[PDB]
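Engineer: So you can see what is in the structure, the chains are spelled out below.
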Amino acid sequence: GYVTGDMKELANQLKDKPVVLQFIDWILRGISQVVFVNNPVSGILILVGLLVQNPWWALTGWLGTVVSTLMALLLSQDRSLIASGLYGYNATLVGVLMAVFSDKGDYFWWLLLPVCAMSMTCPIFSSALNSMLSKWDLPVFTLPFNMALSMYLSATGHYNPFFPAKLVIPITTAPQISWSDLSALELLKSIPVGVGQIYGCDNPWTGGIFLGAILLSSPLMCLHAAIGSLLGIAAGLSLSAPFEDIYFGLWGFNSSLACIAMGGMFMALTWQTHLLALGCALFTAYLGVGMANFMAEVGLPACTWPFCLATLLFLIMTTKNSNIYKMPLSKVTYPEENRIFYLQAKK
Amino acid sequence: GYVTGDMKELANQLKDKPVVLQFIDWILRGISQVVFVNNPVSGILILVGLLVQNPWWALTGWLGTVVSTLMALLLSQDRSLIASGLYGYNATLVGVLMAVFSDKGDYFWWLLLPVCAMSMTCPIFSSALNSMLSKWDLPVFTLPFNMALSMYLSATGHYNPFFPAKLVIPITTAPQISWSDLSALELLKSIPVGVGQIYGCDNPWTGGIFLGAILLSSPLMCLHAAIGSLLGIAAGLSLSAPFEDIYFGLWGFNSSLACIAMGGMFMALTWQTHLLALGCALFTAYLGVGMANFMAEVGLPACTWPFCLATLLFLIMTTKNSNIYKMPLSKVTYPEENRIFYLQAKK
Amino acid sequence: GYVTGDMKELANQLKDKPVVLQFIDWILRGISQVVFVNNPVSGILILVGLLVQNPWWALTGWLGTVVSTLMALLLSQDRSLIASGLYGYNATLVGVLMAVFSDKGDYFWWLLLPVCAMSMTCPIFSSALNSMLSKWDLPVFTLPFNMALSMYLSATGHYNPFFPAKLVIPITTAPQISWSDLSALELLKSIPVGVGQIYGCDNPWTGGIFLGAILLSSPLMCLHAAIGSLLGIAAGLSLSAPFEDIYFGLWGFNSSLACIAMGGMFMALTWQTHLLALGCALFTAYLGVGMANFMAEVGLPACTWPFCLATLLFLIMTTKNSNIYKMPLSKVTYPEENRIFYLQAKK
Ligand SMILES: CCCCCCCCCCCCCCCC(=O)O
Ligand SMILES: CCCCCCCCCCCCCCCC(=O)O
Ligand SMILES: CCCCCCCCCCCCCCCC(=O)O
Ligand SMILES: CCCCCCCCCCCCCCCC(=O)O
Ligand SMILES: CCCCCCCCCCCCCCCC(=O)O
Ligand SMILES: CCCCCCCCCCCCCCCC(=O)O
Ligand SMILES: CCCCCCCCCCCCCCCC(=O)O
Ligand SMILES: CCCCCCCCCCCCCCCC(=O)O
Ligand SMILES: CCCCCCCCCCCCCCCC(=O)O
Ligand SMILES: CCCCCCCCCCCCCCCC(=O)O
Ligand SMILES: CCCCCCCCCCCCCCCC(=O)O
Ligand SMILES: CCCCCCCCCCCCCCCC(=O)O
Numbered sequence: 036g037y038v039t040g041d042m043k044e045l046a047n048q049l050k051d052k053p054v055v056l057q058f059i060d061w062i063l064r065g066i067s068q069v070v071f072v073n074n075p076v077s078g079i080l081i082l083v084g085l086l087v088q089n090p091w092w093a094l095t096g097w098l099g100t101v102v103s104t105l106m107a108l109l110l111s112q113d114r115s116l117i118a119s120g121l122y123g124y125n126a127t128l129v130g131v132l133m134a135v136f137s138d139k140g141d142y143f144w145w146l147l148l149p150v151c152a153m154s155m156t157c158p159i160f161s162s163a164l165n166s167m168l169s170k171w172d173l174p175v176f177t178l179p180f181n182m183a184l185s186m187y188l189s190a191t192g193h194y195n196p197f198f199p200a201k202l203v204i205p206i207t208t209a210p211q212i213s214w215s216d217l218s219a220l221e222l223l224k225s226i227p228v229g230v231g232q233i234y235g236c237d238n239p240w241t242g243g244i245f246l247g248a249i250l251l252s253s254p255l256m257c258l259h260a261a262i263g264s265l266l267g268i269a270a271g272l273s274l275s276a277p278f279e280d281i282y283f284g285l286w287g288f289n290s291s292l293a294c295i296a297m298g299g300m301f302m303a304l305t306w307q308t309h310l311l312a313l314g315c316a317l318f319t320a321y322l323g324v325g326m327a328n329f330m331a332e333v334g335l336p337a338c339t340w341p342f343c344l345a346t347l348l349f350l351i352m353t354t355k356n357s358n359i360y361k362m363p364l365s366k367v368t369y370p371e372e373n374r375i376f377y378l379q380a381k382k
Numbered sequence: 036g037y038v039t040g041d042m043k044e045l046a047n048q049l050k051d052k053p054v055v056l057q058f059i060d061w062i063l064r065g066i067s068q069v070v071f072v073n074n075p076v077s078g079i080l081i082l083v084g085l086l087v088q089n090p091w092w093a094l095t096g097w098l099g100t101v102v103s104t105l106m107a108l109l110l111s112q113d114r115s116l117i118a119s120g121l122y123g124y125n126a127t128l129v130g131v132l133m134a135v136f137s138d139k140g141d142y143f144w145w146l147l148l149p150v151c152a153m154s155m156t157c158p159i160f161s162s163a164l165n166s167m168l169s170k171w172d173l174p175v176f177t178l179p180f181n182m183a184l185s186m187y188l189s190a191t192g193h194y195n196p197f198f199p200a201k202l203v204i205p206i207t208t209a210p211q212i213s214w215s216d217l218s219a220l221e222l223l224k225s226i227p228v229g230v231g232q233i234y235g236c237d238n239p240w241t242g243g244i245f246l247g248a249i250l251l252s253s254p255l256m257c258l259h260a261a262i263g264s265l266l267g268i269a270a271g272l273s274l275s276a277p278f279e280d281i282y283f284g285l286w287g288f289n290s291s292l293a294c295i296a297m298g299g300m301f302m303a304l305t306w307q308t309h310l311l312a313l314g315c316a317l318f319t320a321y322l323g324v325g326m327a328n329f330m331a332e333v334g335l336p337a338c339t340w341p342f343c344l345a346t347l348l349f350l351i352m353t354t355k356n357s358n359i360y361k362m363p364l365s366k367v368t369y370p371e372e373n374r375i376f377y378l379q380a381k382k
Numbered sequence: 036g037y038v039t040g041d042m043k044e045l046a047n048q049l050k051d052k053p054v055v056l057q058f059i060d061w062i063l064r065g066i067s068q069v070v071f072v073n074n075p076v077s078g079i080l081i082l083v084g085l086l087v088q089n090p091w092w093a094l095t096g097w098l099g100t101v102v103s104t105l106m107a108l109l110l111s112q113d114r115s116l117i118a119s120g121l122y123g124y125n126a127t128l129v130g131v132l133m134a135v136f137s138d139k140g141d142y143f144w145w146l147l148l149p150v151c152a153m154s155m156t157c158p159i160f161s162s163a164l165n166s167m168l169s170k171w172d173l174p175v176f177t178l179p180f181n182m183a184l185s186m187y188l189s190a191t192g193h194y195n196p197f198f199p200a201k202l203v204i205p206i207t208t209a210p211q212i213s214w215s216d217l218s219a220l221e222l223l224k225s226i227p228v229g230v231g232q233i234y235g236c237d238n239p240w241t242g243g244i245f246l247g248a249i250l251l252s253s254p255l256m257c258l259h260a261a262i263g264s265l266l267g268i269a270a271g272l273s274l275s276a277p278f279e280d281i282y283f284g285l286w287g288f289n290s291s292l293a294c295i296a297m298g299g300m301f302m303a304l305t306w307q308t309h310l311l312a313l314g315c316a317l318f319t320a321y322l323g324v325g326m327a328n329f330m331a332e333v334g335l336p337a338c339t340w341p342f343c344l345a346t347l348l349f350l351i352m353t354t355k356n357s358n359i360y361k362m363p364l365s366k367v368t369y370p371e372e373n374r375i376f377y378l379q380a381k382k
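Chains as they are written, first to last, in the authors' numbering: chain B, 36 to 382; chain A, 36 to 382; chain C, 36 to 382.
The hints are simulated quantities; they were obtained by calculation from the structure and are not laboratory data.
Heads up, a few of these hints could be off.
Below, in silico cross-link-like pairs of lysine-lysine (DSS-like), each with a Cα-Cα straight-line distance of 30 Å or less [stated by the list, open to error]:
hint : chain 1 : residue 1 : chain 2 : residue 2
1    : C       : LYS355    : B       : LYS50
2    : B       : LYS366    : A       : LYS170
3    : B       : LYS52     : B       : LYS366
4    : A       : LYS52     : B       : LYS355
5    : C       : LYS366    : A       : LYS355
6    : C       : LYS355    : B       : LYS366
7    : B       : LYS170    : B       : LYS381
8    : B       : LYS170    : C       : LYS355
9    : C       : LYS201    : C       : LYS224
10   : A       : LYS170    : C       : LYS366
11   : C       : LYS361    : A       : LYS170
12   : B       : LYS355    : A       : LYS50
13   : C       : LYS170    : B       : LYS366
14   : C       : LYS170    : A       : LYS366
15   : B       : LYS170    : A       : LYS366
16   : B       : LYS170    : C       : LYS170
17   : C       : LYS170    : A       : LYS170
18   : C       : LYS381    : B       : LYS170
19   : C       : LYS170    : A       : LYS361
20   : B       : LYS170    : C       : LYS361
21   : B       : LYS355    : A       : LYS43
22   : A       : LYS355    : C       : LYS52
23   : A       : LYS170    : B       : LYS170
24   : A       : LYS201    : A       : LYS224
25   : C       : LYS355    : B       : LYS52
26   : C       : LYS50     : A       : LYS355
27   : A       : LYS355    : C       : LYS170
Could you build the full structure based on these sequences and the hints that come with them?
Structural biologist: Right, dumping it as structure tokens:
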């Protein structure tokens, strides 16, 4: 009970502690905030999962988070946002995916130089988008990370002498799918892989650890992540996608995030909003394959562009339904507290 | 006189009728609203023209409109907008152009499955765009349809095992144009074809029927549609476009819409605004060829992206001219009533 | 002292002169406003530099500026903006770069026809963006020019029978860089070339003349332009860019503009804002190579898209630092007056 939720008691106790422990807590919260989790223990679990997948990726992500938090402190950003990990969760993804999309293999120490540089731009993006989106009461999601990674991967490319990137080839021929070779076990295993591919990790154990951390933060968030991954798998099956792409979790890491965001987190949790979150996850998977095909023509991966776009689209949409409630941005903590607040406001 | 204009008397009489007749009226108005027409009889005429061109395309468009209206009703959207056909006119285009850009020929019944799915997203897009564009008092035009069709055609592509799309090849060699083979009769005939290509129909009879329906709704709108198609033809001739592209109406279906919108419809009709509409039609044709060339590099058709972009750009532009008047979004019915309202407000 | 700054005395004396002299002054100010300079004498110097580089390019730019100013007068835009050259500085770039990116060589008189047409659309863009951006207190920069040039170059392309454009080939193989062949003299000479490539001119004498004109307007702006060009060169060296691209000034014409804008011009000049301008110049160079690589896949040059995007991103970003001050849009004249106003407001 002490480690569940956002761990407000730990933050209150650390508010008067030496700044080193506070900085460590901020780094852990920023690591956890990729899946909309404000738990430092969930951040430790996510770090353990990243180390299980690849220690080099974990090192790059931790370095990116540290550099982003330090730069946000240097830029005199809001201290409340920095304490909650909202300044540094984009750079974790930036560093991890820069290590993922590198063509020079593991432990390429020179890659530590661009990573920091891009981690130097994550706060600025996070600032510049926020002051706009907070005008319309909308979150930035992973838009700063998407912009930074697209800019970096366009600047370097596959043929960069210093930091070559993994080549992205657009689909040229019609795939041949043997539907008799579809494996139910692999389809079931792609759900943890789908959840784990949020950090670009294809290890089923890493995805299971991520799901466990999310469940530690909030069981409803873990359930919505699993359902979003399953819906991404279903959308991939509906479009006759290659089985290797479905088994790799490339179809479920956007829909899982969309289901987490639209289910309980930024909309009050009701069965109507549950169905809306399911529909948003399906739409997010379809937009994900569309964006992947579109940016494959320019040599870029879609990453989490479809998730941000679809979630913003569904959040901006307005309905004359009292049971479909959009939570205020200042009261969004986690689905249980969000539902309690919505029930209190309803009466 | 009873069937001209928006047919407000029919709506008033149907407001207390059984909901089946009201739903039929809403579907007809949504069909007609592609060309900014709120006339159910014009919707019937447009359906007849679509059947003349291709019954399969008409069936897909009708199914898309019905599904979009039902989904907008399910989402508790504004009943006034649904009654006027503003929730369902984008899905008509979505279904018709999904049938048009299909590589599996006519009467591919499986294509009825994705169409409905895309018609499920047309209301949401509209809503998500409306709440964004109503702040600055701007219409959504066919932006939801453009976004939905771009996402669908990127997701499927030409090499999809289930729903392949027609291949789009960027221009590779310089065209050889024999200017002695230019036909005045074909140039004149491309005006109805350019008007009918709004629905993706290249039949001159279909375009003539569409022009007749628009004239039934409003003569000024039909005149502006014809002038916009002619201006698109002129712009195509100015850039040495292939004659087959001009004869197919691919150059005049965006400028015609731009001239309809900017002439009398969303700006008060004056000779100054008439010249502004002509300039907007020329700019829209040039932006149309530019956007088509740009999106051919990613394997996508431009469709009505240039029309929406150019019309929004011309509507946002502000001048210190009293005779260049932008009609309020709540008072926009059709050019005759718009001009009457503008004359009343001027005095 | 009479010709330094904006020469408000000359404007006051010309306010009651015949309109021909006023129009000439407006054209000169519009020519100079590309580098955020409101000096007609600097406009004359920039015209001299353009003539030194290429008389055809100077003729096209002058014609574009004249046409844009004439149509902005015809469109009843704000007279104060027209008098300060803010309606016509985008068409100077449009005409000059349309002459630059033409595949038909120099003195192609038919190119005078599209140029005017694009100069026709420059005021509208300048209007349409302004009303959108003045809400958030942001400048339009060269966004109208970028939009117009992208639209034109997409519409025509390399294979246009009438107005072919220079082919843009994306990078296909990894460059081989002989670092022992790097020349310090060429690196130093690329700074004036980097400043002169704002107008698409690769002549070092032209860049030196441009720097002299900027220094005549304001020494701080010239210093920031030189530092931005140097930072662009450094960023190009950091990414192992080909030496020919660095020597051609293709790496420094965006960072120089970003350093001019962010240093003293649109943000109050302090050492903190000086470091922020340096960081913005580095970010602008990296975004410039990224966007160049991105639009090379669609056959388009990036031009000044990265400069506008990065400068807007850095201007929107908000910090809780009193020394990092964003000047109001109505009081922005030049860095010396900007700093004086900021110092007066601080106390
Ligand atoms: C936006 C893309 C670029 C981001 C910033 C990249 C900065 C890299 C660090 C500069 C020096 C790198 C030297 C590496 C030499 C080598 O790889 O052998
Ligand atoms: C795909 C290659 C390009 C690089 C990736 C996109 C980088 C975008 C940087 C600028 C973001 C927008 C800044 C604010 C603009 C506005 O005024 O709305
Ligand atoms: C809106 C879509 C909802 C999800 C639909 C999931 C459908 C999964 C199965 C679709 C393809 C079934 C196999 C057909 C191919 C074959 O067996 O030859
Ligand atoms: C892209 C294909 C899938 C698109 C799915 C769009 C539909 C999402 C929302 C589903 C309906 C939710 C209705 C909730 C209110 C109610 O049930 O009364
Ligand atoms: C070409 C790639 C596929 C097609 C993608 C079309 C766009 C679909 C999603 C649009 C979401 C728009 C959200 C806007 C949010 C905002 O204005 O901040
Ligand atoms: C955004 C692109 C996708 C839009 C939604 C597509 C949903 C298709 C329906 C799912 C089942 C398809 C079965 C096809 C069977 C076949 O063609 O053999
Ligand atoms: C902005 C201008 C719009 C109107 C343009 C009208 C058409 C002019 C170009 C078409 C005629 C070209 C004739 C020369 C062809 C040739 O003989 O090679
Ligand atoms: C790219 C093709 C050229 C586009 C040029 C658009 C010009 C718009 C037309 C403006 C005409 C004048 C408007 C009324 C002013 C007046 O004459 O009193
Ligand atoms: C955005 C597209 C281009 C802008 C508009 C270009 C208008 C050109 C009008 C004149 C066309 C005919 C003159 C060229 C004749 C020739 O070169 O043979
Ligand atoms: C590659 C060809 C196209 C180049 C860019 C041309 C863009 C013309 C229209 C710009 C958008 C104007 C409307 C903006 C509306 C809004 O954002 O609210
Ligand atoms: C993040 C901004 C960095 C700006 C300064 C970067 C300076 C880079 C200097 C060149 C890098 C090394 C070149 C030689 C490498 C070799 O010989 O292989
Ligand atoms: C793309 C790589 C480079 C990115 C550079 C980002 C950092 C810009 C410079 C920020 C300096 C901040 C100075 C004010 C704070 C202070 O020192 O008091």
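Engineer: It remains to establish, for every hint, whether it holds in the given structure.
Structural biologist: Here is how each hint holds up against the structure:
Using a Cα cut-off of 30 Å, the hinted pair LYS355 of chain C and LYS50 of chain B holds, with the two alpha carbons roughly 20 Å apart. Restraint check for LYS366 of chain B and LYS170 of chain A: the C-alpha separation of about 25 Å stays at or below 30 Å, so the hint holds. Restraint check for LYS52 of chain B and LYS366 of chain B: the C-alpha separation of about 26 Å stays at or below 30 Å, so the hint holds. At roughly 24 Å between alpha-carbon atoms, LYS52 of chain A and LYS355 of chain B fall within 30 Å of each other, so this suggested pair holds.
A distance of roughly 23 Å separates the Cα atoms of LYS366 of chain C and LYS355 of chain A; the hinted pair therefore holds under the 30 Å criterion. Of the pairs offered as hints, the one joining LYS355 of chain C and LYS366 of chain B holds, with about 23 Å between alpha carbons and a cut-off of 30 Å not exceeded. With a C-alpha separation of about 25 Å, the suggested pairing of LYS170 of chain B with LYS381 of chain B holds against the 30 Å cut-off. About 18 Å separates the Cα atoms of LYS170 of chain B and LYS355 of chain C, which keeps this hinted pair within 30 Å; it holds.
The hinted pair formed by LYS201 of chain C and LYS224 of chain C meets the criterion: a straight-line CA distance of about 26 Å does not exceed 30 Å. About 28 Å separates the Cα atoms of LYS170 of chain A and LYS366 of chain C, which keeps this hinted pair within 30 Å; it holds. Between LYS361 of chain C and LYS170 of chain A the CA atoms are separated by roughly 26 Å; this keeps the pair inside 30 Å, and the hint holds. Restraint check: the Cα-Cα separation between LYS355 of chain B and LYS50 of chain A comes to about 20 Å, which is no more than 30 Å; the hinted pair holds.
Of the pairs offered as hints, the one joining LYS170 of chain C and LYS366 of chain B holds, with about 28 Å between alpha carbons and a cut-off of 30 Å not exceeded. A hinted pair counts as satisfied when its Cα atoms are at most 30 Å apart, and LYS170 of chain C with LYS366 of chain A qualifies at roughly 25 Å. Restraint check: the Cα-Cα separation between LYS170 of chain B and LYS366 of chain A comes to about 28 Å, which is no more than 30 Å; the hinted pair holds. With a CA separation close to 12 Å, the supplied pair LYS170 of chain B and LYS170 of chain C stays within the 30 Å bound.
Taking the CA atoms of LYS170 of chain C and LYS170 of chain A, the gap is about 12 Å. The hint holds against a cut of 30 Å. Using a Cα cut-off of 30 Å, the hinted pair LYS381 of chain C and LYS170 of chain B holds, with the two alpha carbons roughly 27 Å apart. About 19 Å separates the Cα atoms of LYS170 of chain C and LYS361 of chain A, which keeps this hinted pair within 30 Å; it holds. The suggested pairing of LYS170 of chain B with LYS361 of chain C holds, with an alpha-carbon distance near 19 Å, which does not exceed 30 Å.
The suggested pairing of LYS355 of chain B with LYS43 of chain A holds, with an alpha-carbon distance near 25 Å, which does not exceed 30 Å. Proximity of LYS355 of chain A to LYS52 of chain C is assessed by CA-CA distance (about 24 Å); at most 30 Å being required, the pair is judged to hold. Among the hinted pairs, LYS170 of chain A with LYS170 of chain B is consistent with the structure: their alpha-carbon atoms are about 12 Å apart, no more than 30 Å. At roughly 26 Å between alpha-carbon atoms, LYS201 of chain A and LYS224 of chain A fall within 30 Å of each other, so this suggested pair holds.
Among the hinted pairs, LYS355 of chain C with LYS52 of chain B is consistent with the structure: their alpha-carbon atoms are about 24 Å apart, no more than 30 Å. For the given pair, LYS50 of chain C sits about 20 Å from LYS355 of chain A by alpha-carbon distance, which is consistent with the 30 Å threshold. Between the alpha carbons of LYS355 of chain A and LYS170 of chain C the distance comes to roughly 18 Å, so the proposed pair stays at or under 30 Å and holds.
Checked against the numbered hints listed earlier, the structure breaks none of them; every hint is satisfied.
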